[PDB]
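Note that one protein chain of the assembly has been removed; the remaining protein chains are unaltered in position.
Letters A and B mark the chains as written, and numbering starts fresh at 1 in each.
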Amino acid sequence: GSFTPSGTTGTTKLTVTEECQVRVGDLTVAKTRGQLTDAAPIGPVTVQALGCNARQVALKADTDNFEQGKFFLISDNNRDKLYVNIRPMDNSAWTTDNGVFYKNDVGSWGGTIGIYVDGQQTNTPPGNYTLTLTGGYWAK
Amino acid sequence: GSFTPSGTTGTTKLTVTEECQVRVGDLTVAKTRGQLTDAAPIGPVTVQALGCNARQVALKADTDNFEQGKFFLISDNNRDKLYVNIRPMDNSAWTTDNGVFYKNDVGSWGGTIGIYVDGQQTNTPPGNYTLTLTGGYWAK
Partner (left out) sequence: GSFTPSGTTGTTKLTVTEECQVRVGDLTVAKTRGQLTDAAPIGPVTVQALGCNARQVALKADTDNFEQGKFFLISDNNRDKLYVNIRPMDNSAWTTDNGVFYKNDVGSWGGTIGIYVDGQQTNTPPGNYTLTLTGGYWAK
């Protein structure tokens, strides 16, 4: 089925730095390549579906954030990637399908969407990584 | 007369969604096409003119936010538009002139600038709409 854009767009930003890391300006999520182990949590993302009691809540990553059934934060150079798994902190089940991550069952779902590093990638070049998600519902 | 750029730039963002609306990430102004009735308030915009006791306070919409004496929020695709009226919450009178919205009389004016949907547009495609306003004064 096809995702129907219907919601705001969230983003997970992560700055990857060497062991000696300098934080200039405002605070953001930063990590040393060393901490980029498998299952290492990045940020999280809050979600609140409204009036979706008859539709399946969904999230759609930007086209540069998913390929071949895998989500990854993209660098400011649109080259380097940080592969991550997307999972809700509750029991709930979801299905991934071409960048879309939709809930298996209807309901005005809400809560947090965890994002963890997908397999140790301690060799990821330092830089500014982003993952953009757009809310919406889904049908086939 | 011509508007003289002299101030910061404010923005009114609105995300238009279907009835089943999902809010991913940080909170912002969102609305279902259904709520886009006439006079339906969007956001508002705060304004504070300083040292303008001898000049007429003014606001200038981006070139993509006004045409032929009408302001409209533009979509991220620079195609879809949401027509809106711009009005101050006080008695004060203003004059619209080629994207500029200036106060009829001088004075270091301040307060809120309301933005309401201009005529029912419940068929406006879902997406991210923006209206950019720049502060300044005006003379002829």
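Rule of thumb we're sticking to: contacts are C-beta pairs under 8 Å (C-beta built on N, C-alpha and C of every residue); 3 or more make two chains touch, one makes a residue touch a chain.
Of the listed residues A:28, A:53, A:63 or A:104, the one in contact with the hidden chain in the full complex is A:28.
Against the chain not shown here, chain B presents residues 4-11, 45-52, 54-55, 57-59, 133-137.
Mapped onto chain A, contacts with the missing chain fall at residues 15, 17-28, 30, 32, 126-128.
Convention: only the chains that are shown with their structure count from here on.
Taking each chain's centre as the average of its CA atoms, chain A and chain B sit 32 Å apart.
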